[PDB]
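Quick heads-up: it's one chain on its own, the form solved without ligand 3GP, in structure tokens.
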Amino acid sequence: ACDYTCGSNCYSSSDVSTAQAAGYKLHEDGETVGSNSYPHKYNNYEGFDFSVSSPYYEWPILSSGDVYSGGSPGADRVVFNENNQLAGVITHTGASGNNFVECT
């Protein structure tokens, strides 16, 4: 079973934990990867009910299970805050333009 489902992509809690670890470490190092410079700030204009406080940061989680290293980020993201707490798993899949919907 999938702990999070983004469109047709399935992720386990281990895939989320691995992606968050890598994105939080670049945050601590003041570094980014990719054309679109991840991790970068996430603003909750859609009003998702995250129970952790901002600032929030978004980082790609890949369907392949590999940690994002630059290259196409795909449509899925883990969102974490400044204290390295998981906020949620969201996706551009099924949302117009640059908006997002939450993974279920």
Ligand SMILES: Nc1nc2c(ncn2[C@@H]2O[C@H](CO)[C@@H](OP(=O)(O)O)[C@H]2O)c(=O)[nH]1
The other form holds:
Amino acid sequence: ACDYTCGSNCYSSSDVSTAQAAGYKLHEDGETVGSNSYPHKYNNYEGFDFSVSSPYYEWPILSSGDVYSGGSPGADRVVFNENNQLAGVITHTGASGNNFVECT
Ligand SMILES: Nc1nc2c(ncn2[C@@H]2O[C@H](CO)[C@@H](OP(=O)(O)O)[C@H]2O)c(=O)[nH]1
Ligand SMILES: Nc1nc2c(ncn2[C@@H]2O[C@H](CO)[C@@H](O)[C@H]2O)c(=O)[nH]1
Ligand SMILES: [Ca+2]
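Now show me the form deposited with ligand 3GP bound; what you just gave was the form solved without ligand 3GP.
After this comes the whole thing, all chains and molecules, with the earlier chain placed first.
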């Protein structure tokens, strides 16, 4: 079973942990990857009911299981805060335009 289902993409907790760890190390180093400069702040315009505090950062999680290294980030993302706490997993799939919905 998938711990997070983003559209048709299935992710286990281990996939999330791995993506979050990569995103958080770049955040700590003040580095970014990709033309959209990830990880970057996630404003929570959608108003998700995250149980950890802000600020939040978004980092792509890939269905190939590879860690994001530039290029297309796809639709899914892990959202972590300053304390490296996971906020949630969200995706643009099933959301209009560039909005997000949560992974279930
Ligand atoms: N919808 C949405 N995008 C946000 C917010 N915080 C930052 N952004 C960024 O705004 C850009 C336009 O939505 C997104 O790029 P993305 O296409 O690469 O995810 C995303 O990174 C947010 O809270 N909601
Ligand atoms: N795959 C995919 N990408 C999306 C979607 N909505 C926006 N995108 C953006 O389109 C580009 C290619 O995935 C990236 O910037 C994505 O963030 C979506 O629904 N599916
Ligand atoms: Ca996997």
